[PDB]
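**Q** Given next are the chains, with one letter for each unit.
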Amino acid sequence: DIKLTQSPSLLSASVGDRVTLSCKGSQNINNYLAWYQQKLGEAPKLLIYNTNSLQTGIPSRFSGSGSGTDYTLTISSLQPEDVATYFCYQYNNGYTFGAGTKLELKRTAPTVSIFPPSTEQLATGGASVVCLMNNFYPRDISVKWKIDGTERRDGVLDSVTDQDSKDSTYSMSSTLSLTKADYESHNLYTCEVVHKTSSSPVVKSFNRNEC
Amino acid sequence: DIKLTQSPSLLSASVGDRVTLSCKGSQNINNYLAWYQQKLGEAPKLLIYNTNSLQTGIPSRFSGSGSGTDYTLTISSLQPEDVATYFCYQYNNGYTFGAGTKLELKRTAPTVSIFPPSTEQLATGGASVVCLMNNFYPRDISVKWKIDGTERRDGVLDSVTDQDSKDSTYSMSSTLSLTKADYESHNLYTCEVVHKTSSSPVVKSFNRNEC
Amino acid sequence: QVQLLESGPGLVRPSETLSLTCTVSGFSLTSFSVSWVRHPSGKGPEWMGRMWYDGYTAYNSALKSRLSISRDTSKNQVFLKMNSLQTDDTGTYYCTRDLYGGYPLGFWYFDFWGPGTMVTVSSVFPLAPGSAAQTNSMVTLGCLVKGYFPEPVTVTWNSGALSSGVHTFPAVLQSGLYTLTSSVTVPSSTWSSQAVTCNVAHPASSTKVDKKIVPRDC
Amino acid sequence: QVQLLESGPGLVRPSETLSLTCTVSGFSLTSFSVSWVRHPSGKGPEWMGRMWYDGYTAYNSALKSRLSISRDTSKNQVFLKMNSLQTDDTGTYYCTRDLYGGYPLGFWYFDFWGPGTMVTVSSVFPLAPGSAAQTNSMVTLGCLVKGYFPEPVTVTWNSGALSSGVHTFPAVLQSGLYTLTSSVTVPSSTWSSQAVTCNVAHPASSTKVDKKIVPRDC
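Chains A, C, D and B, in that order, give the protein sequences.
When you line the first sequence up against the deposited numbering, it's residues 1 to 94, 96 to 106, 106A, 107 to 211, in that order.
When you line the second sequence up against the deposited numbering, it's residues 1 to 94, 96 to 106, 106A, 107 to 211, in that order.
When you line the third sequence up against the deposited numbering, it's residues 1 to 82, 82A to 82C, 83 to 100, 100A to 100G, 101 to 208, in that order.
When you line the fourth sequence up against the deposited numbering, it's residues 1 to 82, 82A to 82C, 83 to 100, 100A to 100G, 101 to 208, in that order.
There may be inaccurate statements among the hints.
Unchecked claim - With the Cβ distance kept under 8 Å, some of the chain D side facing chain C (calculated, not the full set):
1. 91
2. 100A
3. 115
4. 116
5. 159
Stated by the list, open to error - Computed far set for chain B versus chain D, every beta-carbon distance over 10 Å:
6. 20
7. 25
8. 41
9. 44
10. 72
11. 94
12. 103
13. 107
14. 124
15. 186
16. 187
17. 193
18. 198
19. 201
If you're looking for bench data, these hints aren't it; they were derived computationally from the structure.
All C-beta atoms in this analysis are idealised placements derived from N, C-alpha and C, irrespective of residue type, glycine included.
Given only the sequences and the hints, what does the whole structure look like? Please build it.
**A** Here's what the structure looks like:
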């Protein structure tokens, strides 16, 4: 069949910005090419089809274009809810997709809050504390899980979620979890954050039998 | 050839419990013995072979030992998914199996529910009522098919299911059956259970055109 | 990467001739051995014959006189033909892979109701609450697969996306007919909004029933 | 008015056989085409085979050898069956509707962990301020769903009447178990007078948990 290539693997611009995405078969695909968008944990969406032809729901900032082999999807007016991965599908010869191309915007700013174990969650030999860390801009941060003074470093594990449809920020939740025990061996529970959109960090705390 | 004898036909212990299984040929089996595990509707699994050698995937709580004639499979740490039927196979003389040895576990409690004939199942001069009992232990239950005070003690059959790969309980369906006739001939339809888990008996009911 | 599937009639008239097909994968029938082993309904395993890597075949004296094994490299199969069955030969037949003496792998499993009678498609009636059970998270439902022969039927609720709480009790014999009743258990949420359905299959009567269990109304 | 739902096991042992079921509304399997497309965890979409309107079926050469599609009009379903998985057939499998070449609708979505282990229900413990947050409009709550596997879960908040301020982060992998932690923001007004509750589901463990998520007292 035909192999499809989808040149910038990752490309990021800003609302307004007019973006252009590429895909090029290893054999004249004439003009049957389709762009499917995927958007994380959803099913892909047909944006345009056989080469340049807005599906019946996709807005008009979408727009196809090409000739056997080389094709292109531009978004003339990046909005904020366009971050997704776009795959080009080629069915002239044999029915193959493309590596896809991420698309991130750009913007800037954080927001935090801490949560100790559940009466329950505790009651069964385990305590898991977990500092959240919502709608913050430069995807990179970095946390620090302390404990009176102590700073236990592991036994934590976090995620960040994807760029918002809506307000191009990430989020990041992490926990630190222990034994019920030494949980039940301190009053003090704290988590410093640290972004950029402050030099001094950020840190929220939390004391044993307090809530 | 050699006849293989598996002494304890059925044996039951409890998680943790170290169990030992036997098999003894009628002629020196010169250490050519193998233990194959079954597990209801699944193909036998080779646990150990050539008297005492763990197959390439069977856990280590499995272990073989023996000398011509008398051999033995011992599970040093009964797990809850070990419930199975183990057969010993002897191939020194002429390829022979063992009656096999069932193996059960421990824990105790039940659960009930009754179901009348289908608007379909009925329309056929047939009406089959059923009383199901799920995840109960010990394996011993008793059932009571009673109609309006009545108690029709016949025209009913039932099964049990095997001990659980998961929560070592049993289960037991039992269905009393009759005509679209006298089945029509009553409103009232009840089944008392009776375990141990309870002295006072369990019993669920139903009334003709009601559902 | 070793497989070992076995195809064969479901029913066989007595007198007749049984004939199954081991169909190996993952190896070479000229570099391994394969044999037939059975489990006569109501008895322990029995080794029947073995089919060497070099063509030689060996039979269980007892079973020899009427059972005969052979193979076909090219297509990768080891065969079994047993002339003059009894109602004694009933039960699942398996074929195996064989090393230094015994068998490592292999064994898929394959049944054999072997009587002078014919089939009978299964009859699938639903199982549900005479109003009764309502708000408790958990609702138990089920299907009654009735009047079918020979063995086996195989129930799977909601195309097998359920599983947790799926209970299919073994079957019992009627006036010459088997009938079993599998059941399911689900949170009341899933009962309404979302639909629970059992799926019946009866291989030797190419039956593929599916009865959705709606809630009784009366 | 076109649907396209897909049912199938959550977990399949390697070696085994995967088998899903596309169940179409809104059209006729004899006047449209349907096919299977997967998203192998850590890869891009892949077309596997197509099930024509006239019965013909085409397979992705690569995936052909072990994957086989078929349908049953009468009940309106297109089926997979892929024998001899790997660990790297894992991920969500979708079925689609097909026009002049590609697919217009279809794709409601479906996942699908194939390792050799089993399930394990989710464990839902609330998330709430240790007094802390009080009068600011605006208080963030949460609801740590822990220790579950094959894979997803899906919480909603307040029976999904919330939605903004909902924020379920991915989940990582423990001693072989998955756990997430989803959260919710919300004005202080709603989170007294009016009750906010998470509302968990793990469909391969028919789990349907609901933890209200009341204020801490200490």
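**Q** Each hint needs a verdict: does it hold in this structure or not?
**A** Hint check results:
no.	hint	verdict
1	91	6 Å, holds
2	100A	5 Å, holds
3	115	3 Å, holds
4	116	5 Å, holds
5	159	4 Å, holds
6	20	7 Å, violated
7	25	13 Å, holds
8	41	19 Å, holds
9	44	25 Å, holds
10	72	8 Å, violated
11	94	19 Å, holds
12	103	13 Å, holds
13	107	14 Å, holds
14	124	34 Å, holds
15	186	19 Å, holds
16	187	14 Å, holds
17	193	7 Å, violated
18	198	4 Å, violated
19	201	13 Å, holds
Hint compliance for this structure: hints 6, 10, 17 and 18 are not met, and every other hint is.
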